[PDB]
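One chain follows as structure tokens, the form deposited without this ligand.
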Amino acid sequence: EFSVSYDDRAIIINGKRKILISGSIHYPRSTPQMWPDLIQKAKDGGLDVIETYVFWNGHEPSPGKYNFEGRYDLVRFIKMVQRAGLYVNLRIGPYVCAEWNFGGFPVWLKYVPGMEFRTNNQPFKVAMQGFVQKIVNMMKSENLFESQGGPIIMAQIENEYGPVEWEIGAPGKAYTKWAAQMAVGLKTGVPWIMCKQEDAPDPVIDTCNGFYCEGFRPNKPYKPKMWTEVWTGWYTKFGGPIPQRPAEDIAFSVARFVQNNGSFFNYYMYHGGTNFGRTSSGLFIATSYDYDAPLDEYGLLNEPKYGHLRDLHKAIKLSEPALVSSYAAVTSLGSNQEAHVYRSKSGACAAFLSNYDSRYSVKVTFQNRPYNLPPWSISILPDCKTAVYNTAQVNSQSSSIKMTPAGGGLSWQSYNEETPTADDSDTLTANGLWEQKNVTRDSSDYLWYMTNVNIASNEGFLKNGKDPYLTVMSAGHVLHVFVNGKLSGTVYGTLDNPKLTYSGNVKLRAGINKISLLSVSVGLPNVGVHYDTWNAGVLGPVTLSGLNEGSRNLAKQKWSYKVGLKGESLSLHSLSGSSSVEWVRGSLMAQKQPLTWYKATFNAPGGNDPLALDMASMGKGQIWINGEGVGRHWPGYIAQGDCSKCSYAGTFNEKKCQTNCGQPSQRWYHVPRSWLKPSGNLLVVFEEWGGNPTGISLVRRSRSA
């Protein structure tokens, strides 16, 4: 009664070939209070399927101790999709990439003896098989595979391993084969897929990711052609612009794929959402994962994209009897124009009329009728006669985004974070520089590396008008250099170049000088061959020049380590209270000072509409509401890029339609309404850089035509 199989044409569900429309919604990038609404909008937007990764590091924070509660309740999310009448593509991974912290891998996994990720390595295979088996058993135990009457019609193993395999050689080939066999061996009763994996072994279907995939062919003629990631935009990085992808180009790319025998395509992202807390975002990934998705970060319709793709879906559904009972037949119409025709013996006929010219409209004649094709567009004729839809003709109105201040003027108190020093009265001393992940195990973004330097009274710089020069090199990602308790300077990296060098004159004086380096990670790397081997933190070298001796390398002296902030140890973000402390209010309140905690109590704004905090007056740090981590803020990191105006027409790339250049890369921080109560809400901000909290406002989001 229930089965999933496939043939050369399509995935076959309960014995019927289907042209499946899918979108990605990542369950932990929204709240369970949002999920039913997002799913309903996806259903109303013409999706047949919801696609999600599974996020291992979220589900297994320490070995053998699992978390499937709150926004990590994977079972509940899938059951909501089932309820709405949609299928699921479960992308287990468990490497998932996804601009997600460490690619999804638990940081603890890295420190298992003998471990090597994403290769033919026994401890990795054991841990990966163990978690995949855990997920498969949990789905089975809830009857969630389609073969059981549930929604899951397919699962993905690994993610984009093909390029890695290719670079790492024979051990990559072995691990590929192993992974595919281990997955198929779990007997889910439904197909397995691998994206970007030309050599995926039968019975696994290899699939295509990208802005366009119309030229892609699966690795056997008896496998269907599937596009697992139709990129709907691109991610936002701290320091980068907000990338957009025009609806007309997306619609063209989808029509181009479908007209060429493609039978599954999935929008990545459909709802992008938010990297809440501090274990979600990947390296330098913004708290917003909006992605220019059909549903915006806050869950509102992104018009006109949402409606324009809804209308495309309607056309595809009208075409579907023809699509599933024939194969595409191409007739050339002109220099840059084609007809892709699906003509069934049943009499059903659907046609796609294309104009690949990126500059000019062209009139074609098809079956005796003229059809005007705007540049870079495809018309869909679900009966081979009536052009119900053209990918460049948008009948949805656009809606523009407003973030309007609500409430106004919170009453703040502040608390200044200690600058610690190498008091040899520290539980963490070592005679060298240790890598940050190793020391913190990613329990905090912050690690203090501290050392004392003795200056002789007879140093020449003390007589002459001069300061010596300190160089600190770090693997990244932000570094604050404190000398004798005072911030001397701050440097910070980029996604592509997280490494840092601080070099500057420092105000050392005679006698003992205290150097305290605060090293900060901003999410962990999530993509790249051997990315899990890359370092963070101050590994040096660290040198002082300009002394009577010459230069003094400090890398082998006693280093003292403090993991995390004092406010983190005192739980200042917490509703109970973060070890209390002397909060300051009114005139003496700390302002534009580094390492300052701020807190305010507030009533929830009115309305049903989404909320954010406007953090433009702030610098960098973390936000909590009622003890729950809203995410990192970094409004001080200005967007740089090329924000040239763009046309939908012609080949898209992720830099073609960038917006927000010269603004904070993220100014507004999403606050889920369900996290609030009517009154007595506690807002805690840790401000790492320096800010004026009086400028913080709650804002309400709306979009109108």
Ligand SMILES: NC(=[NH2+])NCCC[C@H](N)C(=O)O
Second form
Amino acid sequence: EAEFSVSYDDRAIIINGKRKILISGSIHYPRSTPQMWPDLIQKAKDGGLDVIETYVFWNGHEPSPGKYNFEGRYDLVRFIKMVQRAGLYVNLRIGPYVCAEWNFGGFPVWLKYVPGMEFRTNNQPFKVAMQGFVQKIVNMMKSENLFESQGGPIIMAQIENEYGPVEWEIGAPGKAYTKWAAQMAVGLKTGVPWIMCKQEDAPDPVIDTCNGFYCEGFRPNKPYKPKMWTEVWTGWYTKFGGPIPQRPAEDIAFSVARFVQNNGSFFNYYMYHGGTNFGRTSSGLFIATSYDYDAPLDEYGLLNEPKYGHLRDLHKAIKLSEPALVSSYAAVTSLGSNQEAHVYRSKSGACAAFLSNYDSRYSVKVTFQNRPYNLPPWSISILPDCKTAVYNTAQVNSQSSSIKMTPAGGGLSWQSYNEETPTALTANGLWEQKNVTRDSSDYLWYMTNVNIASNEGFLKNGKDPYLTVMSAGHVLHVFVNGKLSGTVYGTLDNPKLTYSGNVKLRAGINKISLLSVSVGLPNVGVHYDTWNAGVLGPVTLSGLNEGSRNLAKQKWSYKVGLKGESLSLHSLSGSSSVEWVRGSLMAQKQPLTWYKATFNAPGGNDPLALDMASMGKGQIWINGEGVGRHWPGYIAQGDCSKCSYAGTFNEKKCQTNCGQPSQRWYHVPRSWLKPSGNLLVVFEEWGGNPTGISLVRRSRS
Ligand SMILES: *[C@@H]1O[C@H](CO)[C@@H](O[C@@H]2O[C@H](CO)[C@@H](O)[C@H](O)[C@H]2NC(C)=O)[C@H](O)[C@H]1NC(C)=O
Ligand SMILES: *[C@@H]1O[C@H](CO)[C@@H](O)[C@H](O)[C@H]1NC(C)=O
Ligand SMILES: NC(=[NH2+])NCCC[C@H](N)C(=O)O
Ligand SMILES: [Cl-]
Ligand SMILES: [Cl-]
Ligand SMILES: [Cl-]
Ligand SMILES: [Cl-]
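Same protein, different condition: the form deposited without this ligand was shown, now please give the form deposited with this ligand bound.
And the full complex, kicking off with our chain again.
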């Protein structure tokens, strides 16, 4: 007989023979640093979590076919072992489609270009690659007994991610792929359950699970499977150009209690720590570098009060109730028009009760077992012994905290290095951007010649012809004869672009150079991997004798990435290899400019950020390591109004920061610094003043 095991029944996941009501939170290992992990995990433990949930990030682990990375913050095994050291379990969401507001949904970009490839359907090249990667991860975990069946922390794993809605659209090949994925995963023999989220048709023995702001009405697809909520959304993601979304602690607590009172036995906060999209292969399409998510642990790892403590107290109440929860089922008694008691009374006498008020506007005082309980609107009281309420989801006993970002160390000494604008790797017509760059850089130059006859009407009348450039996105800079004519940029929902303007041209050869920029790759949507980036046109020049010229129907030239990228200006060795501009000649408010400075690490233990308010858009490195994209120049658009915790939440309900830079502060991990001589390199795409950049220390108070 196995010493350790995981099974399940209609009531719960069963660990080493005992039913458990499992409290879980998401922490994505590459969204923080190995130095942070033990602290984050400890905070989760102290916050009442039994489980840490994480995706596996394929694109990070396999940057080219058969070449793997498990180093640094991609050391998945190290992360899993740290969770185990804290006495927590793991839900390993392998995918390898993970969505996750993460570049290309987790797929390596090279995968797209394998002959005969089609993503997320019953496609042979896809299935071979997917099976190979999932098998590799499973075998890595098994090699060190990391599944609970072997004494390790992993108690379940997920195959795919929210595939149900994809099948709905693509039909039978989707049904066939689902069946294949489930049987393939189960056949890897992990010794523990497999799950699929948002997958009503998940075949036995896979447990299908629920995601959302609320999941109280969800039931799995067989009565002998437990009821599990894989993503309790704790807020929403921040997009560049969007506001900062919040979700009230009282509403999260209500949603969790609503699920647990209805036989729910596993729930996981997405995110518990959200963290940061470091570098340039992390963020999904238009996703901000901050992945804060209004999580119980903020981007920097600090306690987000009062949410952290309010959920901590909810968890204590659930723990007090657990012996009753696992030895009975929820029995409903009506209390009033929109009020109920869900009671868990065991054969032995243990009793826990949940008293609910679903009215979003009014308080109701109910009588339960001869005692009065007042229930604020949209709240649930928990009585772990059916006698005394120890917690109510709308009564927050934790003190709130606000953010302070305090400058530290003052201003730095800057040097600059200019990018050049290249001019007319060629083609007759326009190529899609991912195809050309393979996502090796955000930047692709599209270049062409425009010949102008001496007899053009506009030349003799002193007017300018009219240029229209249409692009699939995501940012476009239009240069005409070496001069920037305009910049256009999209939104997450609409990344496509149109530049249109009068442009000055002369007799003979004119140069048009387009700098096309991606800002993370799409990560969700049926066939999202087929969506274009870059300039596919139409591209037209009107106001000519001929009428309008189709500029797509001529020779185009291509240049992948920036000169500074080729030179590795982000690194100490690369930046030191060239001479930079110093002194009063420092480039100011100039597009396509690299900046560098050296700084000493601030003392103490407060988390750190760069204040980038004086800058525009680009990328940041510290000691050669990518801090992430900056885009303070993208002002937050949306509706920001007072919200109440009460009533059905949606991601736009409690938005803040409207009309302000969508992200101003950029997280710098402490462990990336040395005491002295830290190299800071900023590529500035749009234009800024580097003198305004400072380090800040973050505190909560
Ligand atoms: C918790 O689960 C129990 C047991 O499945 C549910 O009670 C059963 O409900 C089904 C209908 O779905 C009935 O056919 C059974 O007769 C019920 N059994 C018992 C012992 O009452 C119960 O509905 C669930 N609780 C809630 C509130 O969802
Ligand atoms: C992709 O680039 C190749 C050259 O490698 C070219 O043959 C093809 O037409 C391009 N397709 C698109 C859609 O850009
Ligand atoms: N307010 C609600 N309970 N809405 C229904 C939630 C649906 C749930 N998230 C699901 O996907 O099945
Ligand atoms: Cl996760
Ligand atoms: Cl790292
Ligand atoms: Cl097994
Ligand atoms: Cl760190």
